[PDB]
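*Asks:* As a plain string of letters, each chain reads:
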Amino acid sequence: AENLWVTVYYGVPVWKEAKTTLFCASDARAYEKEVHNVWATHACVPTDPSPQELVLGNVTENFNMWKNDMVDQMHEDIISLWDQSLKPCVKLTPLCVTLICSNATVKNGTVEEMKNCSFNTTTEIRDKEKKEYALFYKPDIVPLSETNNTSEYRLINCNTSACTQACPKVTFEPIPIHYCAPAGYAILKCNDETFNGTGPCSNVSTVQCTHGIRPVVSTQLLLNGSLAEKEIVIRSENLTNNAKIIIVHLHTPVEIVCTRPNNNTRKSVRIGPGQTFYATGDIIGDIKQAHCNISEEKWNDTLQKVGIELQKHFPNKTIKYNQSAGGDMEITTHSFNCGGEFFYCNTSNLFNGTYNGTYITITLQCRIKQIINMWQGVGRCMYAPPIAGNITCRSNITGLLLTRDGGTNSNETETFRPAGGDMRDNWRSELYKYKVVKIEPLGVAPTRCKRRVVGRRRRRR
Amino acid sequence: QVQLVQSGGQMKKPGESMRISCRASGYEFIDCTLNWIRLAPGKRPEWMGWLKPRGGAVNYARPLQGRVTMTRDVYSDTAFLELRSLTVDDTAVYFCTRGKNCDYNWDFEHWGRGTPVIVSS
Amino acid sequence: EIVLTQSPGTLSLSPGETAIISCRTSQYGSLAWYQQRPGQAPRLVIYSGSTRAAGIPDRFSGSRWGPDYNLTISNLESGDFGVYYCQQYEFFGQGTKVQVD
Amino acid sequence: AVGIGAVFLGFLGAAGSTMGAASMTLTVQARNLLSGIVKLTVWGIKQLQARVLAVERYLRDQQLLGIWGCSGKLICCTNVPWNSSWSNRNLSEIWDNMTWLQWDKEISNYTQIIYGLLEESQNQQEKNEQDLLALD
Amino acid sequence: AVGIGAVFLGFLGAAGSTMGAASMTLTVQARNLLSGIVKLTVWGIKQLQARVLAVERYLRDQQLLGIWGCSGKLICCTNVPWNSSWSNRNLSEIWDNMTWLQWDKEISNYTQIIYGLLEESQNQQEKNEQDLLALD
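Residue numbers (PDB author numbering), protein chains in the order written: chain A, 1 to 360, 371 to 471; chain C, 1 to 52, 52A, 53 to 82, 82A to 82C, 83 to 100, 100A to 100D, 101 to 113; chain D, 1 to 30, 33 to 91, 96 to 107; chain B, 472 to 509, 527 to 624; chain J, 472 to 509, 527 to 624.
What the hints contain is simulated information worked out from the structure, not anything from laboratory work. Even for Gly, the Cβ is constructed at its ideal location relative to N, Cα and C. Check each hint, because a few of them may be wrong.
[As the list claims (entries may be wrong)] Here are the computed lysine-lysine pairs in the DSS-like style, where the Cα-Cα straight-line distance is at most 25 Å:
hint, chain 1, residue 1, chain 2, residue 2
1, A, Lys448, A, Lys16
2, B, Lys534, J, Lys561
3, A, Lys87, B, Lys615
4, A, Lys16, B, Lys534
5, B, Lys527, J, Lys534
6, B, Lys534, A, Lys19
7, B, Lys615, A, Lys460
8, A, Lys267, A, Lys87
9, C, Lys96, A, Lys244
10, A, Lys67, C, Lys13
11, A, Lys267, A, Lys379
12, B, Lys534, A, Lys33
13, J, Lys561, B, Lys615
14, J, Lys561, A, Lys460
15, A, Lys169, A, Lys244
16, A, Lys169, A, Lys230
[Stated by the list, open to error] So the derived list for chain J, only partly shown, Cβ under 8 Å to chain B, looks like this:
hint, residue
17, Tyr546
18, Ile555
19, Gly560
20, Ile563
Kindly produce the complete structure, drawing on both the sequences and the hints.
*Replies:* Right, dumping it as structure tokens:
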């Protein structure tokens, strides 16, 4: 032992658990485009060339992605960012009129998807109205009840809630958005590539800001994500619990190509003094219907690789995939946005067949909607205006969302189906490496010092 | 005050389908999973698929996956169970339940009244 | 092979004495117990193994012996008689009937 | 680490280094806690929500040093004897082993008690701030 | 009251007690002035309106100590002779009776004048910060 006395050290490098609101920072000069974006702020300006990193030797910190405080911070702020940009745009109350709809004829043909609907709309002056028409490019317009007439329809907003247009100025883009903790707080990061979602991580490093996380929104398949480093990784709270969501990470992607080969034309309807309504007016080309293309071999390899990885947790059980069970159109079909159009793809063959994992062009028909109830379920009704001309997409699938059927299956089999519907599980697949810890210079630490004598200064000790 | 109002007792023949309701009240929004359970007398309890009323995702459980279908109605705070092709063995009490809290639903603390369904040949 | 087995099938008791029900399990998972008198919705008694449910009397207790679990009920009054069900993650036991003499 | 210009992400690796060696380059944290990286929308209000708390946390730490008599000093001795009940009187053999991140769990319960004693050290000065010597 | 552990509502009984007894436990006020007990609505904006002024007032007080040479010291002597016009030169006998709440009424008009002298006192030192001695 030794004679020891109290000492004060503050400026010390130790932290504690905490949660706080986090500043956003966008990559490169995208903040200059970000002013005209939604899913992006107005704007996330960086002050220094982020990100920067330092590896901390001998540091082990406990991580958990399912109780993560950042995912609630983003989802509760993206949806708040979403309806702010939509707030000043035109509302579609005056369109709820008794629509008279008939077959949508096109050059030497007819289109099965959509209906040619006409309605009386108010002119600039309120006491006069004019006939107007537009091709609502979905058959999802409810027929009007309390009548034997089959040719009277109605826009599905007004049964439950009036909707707002998405103004042409703002653009739907998954711009990469970094999050930077404020001063006094530090963001840790787990470099352990074998991290399964919870437990100790022994390769911790600190960063100024998170990596370029982009706020993509989709269901049943994660698009344009960050791939796993070494191999396929499967992450769930508790695999034995048939509830929860089995987020999968692919270490190499499969390119999904999607398109809207029709050549549509935008039409401006004058519903009010300044308020303008945009609708698809006519088709000026041959009709070929939307679809998507995915490689047969490359995707088939993905299920074989994923199947054996699942079988590690479920020993000696053959892994079967199968079609989605049920729900709204938002989760029973692979939904996503691309180029201003909201696709809902059937997954014609991204479900099928036994895949044991022991080794012993797929075309998806896709529907399109203009009115969307936002993915969180009961949110704002938004009318996405039409986009003229063809649309084409090319994206990297990086992770699959799955859920399992139980309990009394045959003991040698197990059935897996897609999932979705909660946006937090999309972003929890990318925002899982991080923590936020408040830096607390601590209490005292004893030293061999001695009581200061009559206010005198002192060098070493 | 979260409680589940359920209705109602009924008789059926073999073969025909059946529909039961369950309303959740005293509860700000139906955001958490909602199960359905068959308490058949003289047999172990049997379980039927949960329902996540937010997105409507559903997970039909036992060999009933070819028969049961489940929906909901967010604006009325109601969930429905529908069973097709009623055999003679499907006589039991059908309970609309919910977990203790939304983080872990397998501790069913809140139950409905119980809707007895009888099938008579 | 995921099965929960309750034993014995039924207990005959004079009201005011002790009684025990078991629930053997073949998988790793949480446990809970339910009580059903005829003509009512079953109650929740204990959950997460041994912890008691809210508002339930203190007569009930349980112990996690390992892959075997046991429930012990002390000085059972007439009102607490019924049928007892085990539960894990869906999977329910065959039910044990607690009956008066 | 030896060298104090460095960066805040140049020294914090001392979080796993020896508790003795981590006492060097102690100024970089004191620099970093001030400002760091930081129409109306979400980020605009966040620059007032987070910024003001970052300032107030800094003031709370500094005024404790001011009251204790450690104003402006990173290291600072204090006239308080170390009670062996808080920890064994042999840390001189141990701060070469423990890191600062590990020392904290020794005194988690005792930290708020100890701050009273550091204040009590100051009343040995506050008692000796009215009586005799200031005629000099 | 004498003691420093205390509570902010543990010492303020000195508001009536003598200035001598009030001169001890002078630190508890310095602790309380920092933070104290503090969709968007009225209280949310009030937490930004009141909080920033609480910080602002604290800086203005420490601003004056940092200039007068009393930085970090609760008590502090200054090189200014007390002019008898401000008050009689027998307060050393009197402040066993008056409380600080009563003393302030006497120097109410003269407080802003006195701060000039304390500033001048530092600038007897600042005038002596260029000429001779500190070749070392």
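*Asks:* If a hint holds in the structure, say so; if it does not, say that too.
*Replies:* Here's how the hints hold up against the structure:
{"no.": "1", "hint": "A:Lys448 with A:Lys16", "verdict": "5 Å, holds"}
{"no.": "2", "hint": "B:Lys534 with J:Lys561", "verdict": "36 Å, violated"}
{"no.": "3", "hint": "A:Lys87 with B:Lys615", "verdict": "65 Å, violated"}
{"no.": "4", "hint": "A:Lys16 with B:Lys534", "verdict": "22 Å, holds"}
{"no.": "5", "hint": "B:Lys527 with J:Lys534", "verdict": "22 Å, holds"}
{"no.": "6", "hint": "B:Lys534 with A:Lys19", "verdict": "14 Å, holds"}
{"no.": "7", "hint": "B:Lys615 with A:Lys460", "verdict": "20 Å, holds"}
{"no.": "8", "hint": "A:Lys267 with A:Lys87", "verdict": "23 Å, holds"}
{"no.": "9", "hint": "C:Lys96 with A:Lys244", "verdict": "16 Å, holds"}
{"no.": "10", "hint": "A:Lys67 with C:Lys13", "verdict": "49 Å, violated"}
{"no.": "11", "hint": "A:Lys267 with A:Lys379", "verdict": "17 Å, holds"}
{"no.": "12", "hint": "B:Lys534 with A:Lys33", "verdict": "21 Å, holds"}
{"no.": "13", "hint": "J:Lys561 with B:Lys615", "verdict": "14 Å, holds"}
{"no.": "14", "hint": "J:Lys561 with A:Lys460", "verdict": "22 Å, holds"}
{"no.": "15", "hint": "A:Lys169 with A:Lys244", "verdict": "39 Å, violated"}
{"no.": "16", "hint": "A:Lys169 with A:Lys230", "verdict": "41 Å, violated"}
{"no.": "17", "hint": "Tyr546", "verdict": "7 Å, holds"}
{"no.": "18", "hint": "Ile555", "verdict": "15 Å, violated"}
{"no.": "19", "hint": "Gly560", "verdict": "4 Å, holds"}
{"no.": "20", "hint": "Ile563", "verdict": "5 Å, holds"}
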